[PDB]
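In the block that follows, a single chain appears as structure tokens, in the form solved without the DNA.
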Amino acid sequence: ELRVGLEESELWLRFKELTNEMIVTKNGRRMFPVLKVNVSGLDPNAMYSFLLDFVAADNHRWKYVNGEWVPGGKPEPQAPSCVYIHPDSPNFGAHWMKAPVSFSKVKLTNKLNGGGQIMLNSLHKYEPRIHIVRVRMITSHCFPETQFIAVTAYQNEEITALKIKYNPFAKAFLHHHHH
């Protein structure tokens, strides 16, 4: 029985509860927390490739006013992002099931989608989606705890405090809306 579990799901929930945010830049930024999954139930001798893309969690824009996230805008549907190929692809099912599969090197951008860079629209809520392709029978896997709003700068200052607390790299690289 094919099973895909989320690694460090409780840490993801700390950001999930406050509505997670991820920075997008012209050159791209790594995610925090990193997406890692545990896979069981593959054919260990078959060949598989692991793919990652980001789907719209909803079809409207978002704003952060008065210390809370508010929907808005005429809902225009957003197409999924480009796919990022896990660098170990293709590989045996035994390779994917021996250790957590990590997508730590993916970089989210708002400009250039080539290679390890994924282009996202600012102020939209995205959800990572993992594709396992037998080397084409495809299975797709997502986790609501990993949803986030792509932003060019951190809106919720509580998120900034969480990122600084748990991401060791946040400290090395370390206006409000009202009406």
Second form
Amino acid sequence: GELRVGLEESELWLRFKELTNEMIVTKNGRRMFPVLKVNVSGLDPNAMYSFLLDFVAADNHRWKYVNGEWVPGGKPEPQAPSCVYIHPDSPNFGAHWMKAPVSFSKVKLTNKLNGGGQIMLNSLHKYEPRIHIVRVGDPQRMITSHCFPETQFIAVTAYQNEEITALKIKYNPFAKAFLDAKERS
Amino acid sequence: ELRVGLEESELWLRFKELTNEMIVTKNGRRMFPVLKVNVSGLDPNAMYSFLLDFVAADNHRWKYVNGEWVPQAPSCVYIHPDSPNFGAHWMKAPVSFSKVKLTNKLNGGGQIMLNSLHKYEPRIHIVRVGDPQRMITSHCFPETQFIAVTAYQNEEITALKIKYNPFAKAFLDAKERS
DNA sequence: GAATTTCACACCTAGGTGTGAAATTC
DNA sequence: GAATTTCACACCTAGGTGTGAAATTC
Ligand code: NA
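Previous: the form solved without the DNA; requested now: the form solved in complex with the DNA:
Complete assembly follows, chain above in first position.
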């Protein structure tokens, strides 16, 4: 159709996804890396929208890193998608959302109910980021949802795959101290 | 019904008594203290934007002579970054203009150009988004008057800045050490 | 000269990284 | 016993302070 939400920097995302991506969750909440950013077109420049982010459980079980490989390791469990995170620019005009990429750089993932906007995930479960565009002031309350398969990841309390850790060190600026340390060897 | 009151007024008057001063720089300088207001009496479900500008507090240039201050169009506006937003949001917690930058030359976004050694009064405006009538409220805060400067001149003001602005903790610590 | 502005600087606030040892968990 | 979670730590990014010598204006 006319509404288009495209993943930005999809090739960085794909490098993580080849290895099976992992996202740290902590007690106090952990930012994602890479950050989910999208390009939006086809909105009404003059309408009002809010952007929401939640995380759909990518399957019905859990996951285990056994001998350098991820292994389905659970008996089936229920349904729940996560709570929602509201993009901080919400609410805003379509034109604002279309002028630059919509970046969810401040969402924090956690493994505990204490949500200052934090998204509680279940460790060792796999998730698929999903973005909702909510039209504000609409008597029909129209909402459109987009999933981003290349951003799937497994929530962990510590990195399992050492190749993931290396990629995170390579590209996340807040991890630069470990990057420079590897270039020292 | 619509009320907009100054937050942390007593920290402002401590500055006000000494004649308050705000640094401007080429790029842009944050205010200290930060202007924060409480809002009540908005429609919780209506959409509003909050705007900030600065009005001339008098007609004189100023200069500092032996420990005393002796003896102009409105500034551009700064839109609070939470705009646009529901009345509920503006009312749930103080509205704080913590990221506005005061400058002597516009060279970037989020900046208000003032002209140095003049006295200015902050003014806040509220507008309803989509209001078919062109309707604005304005709210002045004489307690927050100040003189723009490129360097502090009353040493007593600098002392208060160092005492209360957390980003100047290195100079507070230093003086405690001496 | 005297008055006002710019600047590089040291030192903070504020907060995001993975590490690795220890605690917890089943 | 061993998988999972916790958490104090060093080391970053990012950027807000006043300072004082230097530059600019007057
Ligand atoms: Na400027």
